[PDB]
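What follows is chain A.
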Amino acid sequence: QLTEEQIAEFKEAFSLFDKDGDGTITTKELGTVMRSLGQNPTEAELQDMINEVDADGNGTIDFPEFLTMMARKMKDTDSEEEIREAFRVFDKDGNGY
Partner candidate 1 sequence: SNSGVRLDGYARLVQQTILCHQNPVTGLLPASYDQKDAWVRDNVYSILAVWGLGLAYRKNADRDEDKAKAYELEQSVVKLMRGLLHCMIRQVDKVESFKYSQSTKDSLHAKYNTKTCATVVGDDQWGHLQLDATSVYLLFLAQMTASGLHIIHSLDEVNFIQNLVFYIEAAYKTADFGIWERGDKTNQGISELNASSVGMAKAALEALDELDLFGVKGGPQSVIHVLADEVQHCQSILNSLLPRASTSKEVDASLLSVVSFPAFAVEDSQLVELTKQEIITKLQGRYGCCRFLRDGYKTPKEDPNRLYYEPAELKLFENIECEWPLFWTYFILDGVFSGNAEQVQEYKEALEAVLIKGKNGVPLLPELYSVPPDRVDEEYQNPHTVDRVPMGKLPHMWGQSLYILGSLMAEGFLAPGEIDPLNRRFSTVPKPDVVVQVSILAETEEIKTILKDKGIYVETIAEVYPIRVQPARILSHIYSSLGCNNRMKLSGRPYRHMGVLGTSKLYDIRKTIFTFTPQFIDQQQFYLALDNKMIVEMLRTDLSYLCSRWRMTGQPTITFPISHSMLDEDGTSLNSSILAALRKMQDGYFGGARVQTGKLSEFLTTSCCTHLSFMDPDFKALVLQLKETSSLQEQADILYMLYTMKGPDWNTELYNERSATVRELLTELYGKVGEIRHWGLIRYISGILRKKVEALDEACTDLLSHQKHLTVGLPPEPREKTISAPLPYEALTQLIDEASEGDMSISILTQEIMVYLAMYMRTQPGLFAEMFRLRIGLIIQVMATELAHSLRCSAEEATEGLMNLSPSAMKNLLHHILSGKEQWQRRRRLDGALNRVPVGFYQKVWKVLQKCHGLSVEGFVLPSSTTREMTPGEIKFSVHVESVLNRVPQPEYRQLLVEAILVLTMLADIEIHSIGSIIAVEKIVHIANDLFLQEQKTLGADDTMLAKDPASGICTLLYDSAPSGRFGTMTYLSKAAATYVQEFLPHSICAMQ
Partner candidate 2 sequence: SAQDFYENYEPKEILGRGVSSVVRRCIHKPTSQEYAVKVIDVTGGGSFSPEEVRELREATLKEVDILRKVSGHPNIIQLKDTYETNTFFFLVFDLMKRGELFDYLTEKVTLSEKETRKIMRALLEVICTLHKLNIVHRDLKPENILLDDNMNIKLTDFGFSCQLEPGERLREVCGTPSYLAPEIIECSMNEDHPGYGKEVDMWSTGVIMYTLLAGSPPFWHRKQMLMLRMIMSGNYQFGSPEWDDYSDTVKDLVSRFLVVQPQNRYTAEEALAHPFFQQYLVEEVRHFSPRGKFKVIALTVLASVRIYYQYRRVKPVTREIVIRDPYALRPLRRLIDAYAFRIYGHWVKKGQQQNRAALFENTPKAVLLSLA
C-alpha cells in the first residue's frame, strides 16, 4: 500500500522533472536534466528508453506511468546495486562519504 507522503513526494518529483508544467517529462527536458547531471545518453538510447517505459508508441510519458515505474520491485541484488551506484555518483570527491 502507498502513503500520502509517498504520493506527495512522487508529485513533487514529477513537477521538478520538467522545467515547464505541461504534464509530460518531455524528451528535451529529460536530456537537459541528464546533461546537467553529467551524462550524455545517445539519441537512439533515449528513444529506446522512452519506448520501453511507455506502454505504446505515443512517445509521451505521464505521471501515472512514472508512478507505475517507481512501483517496480528490484528484489535484493538490484537494490544494493542501485544504492551502490547512487553512492558512487554522489561520492564524486575522494573522501569516502
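Per the selection procedure, all candidates are chains of the complex that A comes from, given by their letters.
One rule holds in what follows: a contact is a pair of C-beta atoms (placed from the backbone, for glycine too) under 8 Å apart; a residue touches a chain by one contact, two chains touch by 3 or more; residues count from 1.
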With chain A shown on its own, which candidate in 1 or 2 touches it within the complex?
2
Which residues of chain A touch candidate 2 in their complex?
2, 5-6, 8-13, 16, 39, 41, 45-46, 48-49, 52-53, 55-56, 66, 68-72, 74, 82, 85-86, 89
